[PDB]
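J.: Below are the chains, spelled out letter by letter.
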Amino acid sequence: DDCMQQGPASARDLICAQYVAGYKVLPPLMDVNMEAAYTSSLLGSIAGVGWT
Amino acid sequence: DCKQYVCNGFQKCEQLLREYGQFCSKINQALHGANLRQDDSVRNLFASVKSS
Amino acid sequence: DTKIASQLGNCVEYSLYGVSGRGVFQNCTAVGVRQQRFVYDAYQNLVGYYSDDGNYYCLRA
Amino acid sequence: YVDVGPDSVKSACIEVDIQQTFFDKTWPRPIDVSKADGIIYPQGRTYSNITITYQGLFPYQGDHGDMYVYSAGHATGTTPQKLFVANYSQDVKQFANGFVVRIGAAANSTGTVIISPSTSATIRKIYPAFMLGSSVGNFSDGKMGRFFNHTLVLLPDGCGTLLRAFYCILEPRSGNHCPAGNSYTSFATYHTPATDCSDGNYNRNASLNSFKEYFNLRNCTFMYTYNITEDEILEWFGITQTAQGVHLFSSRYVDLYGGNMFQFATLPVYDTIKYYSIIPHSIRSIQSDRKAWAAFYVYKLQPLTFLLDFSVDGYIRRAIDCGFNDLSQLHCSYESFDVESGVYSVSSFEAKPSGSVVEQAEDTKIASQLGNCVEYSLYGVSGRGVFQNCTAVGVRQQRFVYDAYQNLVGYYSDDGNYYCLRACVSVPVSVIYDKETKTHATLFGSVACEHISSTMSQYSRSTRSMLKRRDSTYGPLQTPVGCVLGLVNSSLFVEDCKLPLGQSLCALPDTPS
Amino acid sequence: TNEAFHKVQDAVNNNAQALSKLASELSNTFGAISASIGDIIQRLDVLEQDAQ
Ligand SMILES: *[C@@H]1O[C@H](CO)[C@@H](O[C@@H]2O[C@H](CO)[C@@H](O[C@@H]3O[C@H](CO[C@H]4O[C@H](CO)[C@@H](O)[C@H](O)[C@@H]4O)[C@@H](O)[C@H](O[C@H]4O[C@H](CO)[C@@H](O)[C@H](O)[C@@H]4O)[C@@H]3O)[C@H](O)[C@H]2NC(C)=O)[C@H](O)[C@H]1NC(C)=O
Ligand SMILES: *[C@@H]1O[C@H](CO)[C@@H](O[C@@H]2O[C@H](CO)[C@@H](O[C@@H]3O[C@H](CO)[C@@H](O)[C@H](O)[C@@H]3O)[C@H](O)[C@H]2NC(C)=O)[C@H](O)[C@H]1NC(C)=O
Ligand SMILES: *[C@@H]1O[C@H](CO)[C@@H](O[C@@H]2O[C@H](CO)[C@@H](O)[C@H](O)[C@H]2NC(C)=O)[C@H](O)[C@H]1NC(C)=O
Ligand SMILES: *[C@@H]1O[C@H](CO)[C@@H](O[C@@H]2O[C@H](CO)[C@@H](O)[C@H](O)[C@H]2NC(C)=O)[C@H](O)[C@H]1NC(C)=O
Ligand SMILES: *[C@@H]1O[C@H](CO)[C@@H](O)[C@H](O)[C@H]1NC(C)=O
Ligand SMILES: *[C@@H]1O[C@H](CO)[C@@H](O)[C@H](O)[C@H]1NC(C)=O
Ligand SMILES: *[C@@H]1O[C@H](CO)[C@@H](O)[C@H](O)[C@H]1NC(C)=O
Ligand SMILES: *[C@@H]1O[C@H](CO)[C@@H](O)[C@H](O)[C@H]1NC(C)=O
Ligand SMILES: *[C@@H]1O[C@H](CO)[C@@H](O)[C@H](O)[C@H]1NC(C)=O
Ligand SMILES: *[C@@H]1O[C@H](CO)[C@@H](O)[C@H](O)[C@H]1NC(C)=O
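Listed in order, the protein sequences are those of chains H, U, A, P and W. In this text, residue positions in the first sequence follow full-length UniProt numbering: the first is 910, and each later residue adds one. In this text, residue positions in the second sequence follow full-length UniProt numbering: the first is 805, and each later residue adds one. In this text, residue positions in the third sequence follow full-length UniProt numbering: the first is 593, and each later residue adds one. What the fourth sequence shows, in full-length UniProt numbering, is residues 18 to 379, 593 to 743, in sequence order. In this text, residue positions in the fifth sequence follow full-length UniProt numbering: the first is 1015, and each later residue adds one.
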């Protein structure tokens, strides 16, 4: 919609250009929320690395 | 120095070489990047060598 | 033969002062240079055009 | 043909007093492309919000321009007398691809009225007059600057309120002081402000009518009039010729308060313009009405590569003359200057060729010249380089010895000597540039300082002036990395200049005030 | 001025250029009269258009 005439005339995104180029950008694999879940799991693993 | 490398001081060459100037721009900038990487590697390595 | 002055829009073939292509025009604000009619982008593609109706249209192909 | 009105009925022309010493003033008004001076807007399309590199017809950076001075004529103080002009009509220049002019550069300043050097007046903008054509030669009395057949005349009139562009055969009149008569110097055009610049009624034919005193207009193919808004605004105007006609350009209609020049008219002249000159002009004012006029400056156009900076409004507000200096070549290739470092290799110094050496059994002394960099032709073998007297390597009696890369190594001459060929030597260059202080220093590497001076005659770029500002007061300093100008010996040790020279050397930036 | 930070910025820049180059090549001629098929067809006779 933002690369369509039914949207802001000012859009100049390189993504909009993909509709002509035949190029596609693919999505990320994890999303921010899963990546956050993985590093919050590391934070909860701190204290500690001793006691064998 | 692409202008000299491609042709040894000839104007006809430079007139035709001009059509390809963007090529040599890529060559020098790519090498600029590689030489910087070489210098950073050398100083970063010696930095670990030095004792206090 | 009419109305082909403009058609806004979806995907229309066009010929403007010898400039050809296909696309959708959008009513939008002018970017320059004024009085030179056809505005092009970083990739040398048409961005927009100043029409004889006084309007400037953005081209989204 | 075109009816351009009647011939003048005057039996004689006004005498023209050509006194070049009074116009011999110095006031350069150069093009500064960093503000896009003299830049003609590219035709066929527009862009905005972008910096591009483009090859096309532009003036070059630092061109001061040929200065054209128009002046008051002679007067008794009550009435005007003779015309007083510079020797411009004979100043025939090559048209080639066109040229540009800066109009009104001195407008609103105060300065000499030219004819009387001790007298000054507020300076006014005056539009330039030109005579152009495909062929030139002499006049019947031996004067220069005659144009043949149909000549293109660009003649502002109406005290600078209209441009008359016309193409006619100019038929010289035979009366006193006319081109085919007695005591002719140079025709010159004129207007008489006392009657011609009346407010609300300018004599729109004053300069046309004076022109007509010297030449009749015949077989005109055209005459077009353009109107000029009267103002004192600095203005760009210019001309080019293409297969489609003669293109008249100005900033006046599209960018009046800016200066980008745009095409406003095309004249149907298909005869390639090869030559042009400035029409001398004098104003028949009186001493009490003696004004000062701005000189106009003419700069040539040529196919140059520029970086052109287009603002959001599509006008070029900055440009880079890529070949002006070493740093500028880099700016075009690298877009800007604070990009990374500005510390990059730069275009090298060519060599500077000398007179040739020629030998071939089948004007002096060209048998040999030792040496520096000489052109040569030896038994059909050509090249350029320096010969050195050296010992022979074989094979004997086969004359030309070549290396591993199939290049000539040396030659056995008919004088019994063997010479080694080193081709020409050159000076490599690199620039140390600080984007923070906007300064630099440079190295010649392996050349070493025994061959280095603040000036060069090799050359690597049109100007070295950015270094000369400081380097003109220093000799070269020799270092293990290479020979450098603008180095200053400080005997300091620093960990990182952000301009290391390699080895154990570093180029330290100075401190901002 | 932080080298690790700069490397993060380059990872972004390196992906940006990979696409910018594919995109800019769409307007590049390749010894061709035009990078535009529509212009090749519009101003050339068929026997020449195929070569372009
Ligand atoms: C300042 O200088 C300019 C120079 O351009 C003068 O402009 C010319 O003015 C003259 C008259 O003064 C014009 O000539 C006359 O034009 C009349 C009609 O013009 C149209 O039709 C003619 C047909 O030939 C075209 O050539 C022309 O371009 C127009 O399309 C004609 O009817 C007139 O004919 C009469 O006079 C002629 C002699 O001149 C006789 O031979 C005829 O039989 C008849 O009696 C005449 O041709 C001329 O066209 C204008 N030229 C241009 C280039 O525009 C300004 O008038 C002058 N101003 C001042 C204040 O002096
Ligand atoms: C000689 O003096 C005259 C008179 O002052 C100068 O002309 C003036 O120049 C300024 C600068 O361009 C003009 O300002 C412009 O106003 C417009 C209005 O919209 C604005 O859009 C522009 O951006 C700019 O601000 C001013 O109008 C103009 N005066 C007139 C009467 O037009 C002239 O430039 C001086 N000449 C020289 C050679 O110094
Ligand atoms: C352009 O003008 C020149 C001179 O005005 C013409 O050349 C003259 O031609 C005559 C023909 O008999 C010669 O007698 C003259 O000696 C020539 N003069 C010169 C200077 O060469 C020329 O023919 C004209 N060309 C056109 C196309 O009209
Ligand atoms: C305008 O054109 C006319 C012809 O239409 C020219 O008249 C001829 O000029 C040549 C010059 O050598 C003569 O040889 C011819 O005999 C002339 N023809 C006639 C019919 O007289 C006229 O000279 C041209 N005007 C100018 C100033 O060159
Ligand atoms: C739409 O057209 C009108 C015509 O007056 C114009 O004023 C308006 O600015 C245009 N829309 C945009 C986004 O510019
Ligand atoms: C004009 O006359 C002078 C007289 O010496 C001569 O030297 C010059 O070459 C002539 N020019 C032309 C174009 O005939
Ligand atoms: C110039 O302005 C005057 C005003 O009356 C007009 O008559 C004349 O035709 C105009 N000329 C041009 C070339 O616009
Ligand atoms: C120029 O580029 C900037 C980038 O943010 C954009 O916001 C602005 O609207 C652009 N202007 C024009 C004339 O395209
Ligand atoms: C220089 O020329 C002389 C000529 O006799 C020759 O004998 C000598 O060997 C040459 N120099 C060298 C380095 O060969
Ligand atoms: C700088 O001065 C010192 C003083 O001892 C000298 O040894 C050194 O060679 C000088 N370097 C240059 C480049 O002049």
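In short, the hints are calculated from the structure, not lab data. Among the hints, a few may not be true.
Dumping the calculated DSSO-like pairs for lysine-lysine here, alpha-carbon to alpha-carbon at most 27 Å [claimed, not checked]:
no.: 1; chain 1: P; residue 1: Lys-317; chain 2: U; residue 2: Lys-816
no.: 2; chain 1: P; residue 1: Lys-42; chain 2: P; residue 2: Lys-27
no.: 3; chain 1: P; residue 1: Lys-317; chain 2: P; residue 2: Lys-160
no.: 4; chain 1: P; residue 1: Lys-668; chain 2: U; residue 2: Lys-830
no.: 5; chain 1: U; residue 1: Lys-807; chain 2: W; residue 2: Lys-1035
no.: 6; chain 1: P; residue 1: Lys-728; chain 2: W; residue 2: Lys-1021
no.: 7; chain 1: P; residue 1: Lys-728; chain 2: U; residue 2: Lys-816
J.: Give a verdict on every hint.
T.: Results of checking the hints against the structure:
| no. | hint | result |
| --- | --- | --- |
| 1 | P:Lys-317 <-> U:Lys-816 | 23 Å, holds |
| 2 | P:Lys-42 <-> P:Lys-27 | 35 Å, violated |
| 3 | P:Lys-317 <-> P:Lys-160 | 26 Å, holds |
| 4 | P:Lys-668 <-> U:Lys-830 | 25 Å, holds |
| 5 | U:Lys-807 <-> W:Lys-1035 | 24 Å, holds |
| 6 | P:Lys-728 <-> W:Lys-1021 | 18 Å, holds |
| 7 | P:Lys-728 <-> U:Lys-816 | 40 Å, violated |
When each numbered hint is compared with the structure, violations occur for hints 2, 7.
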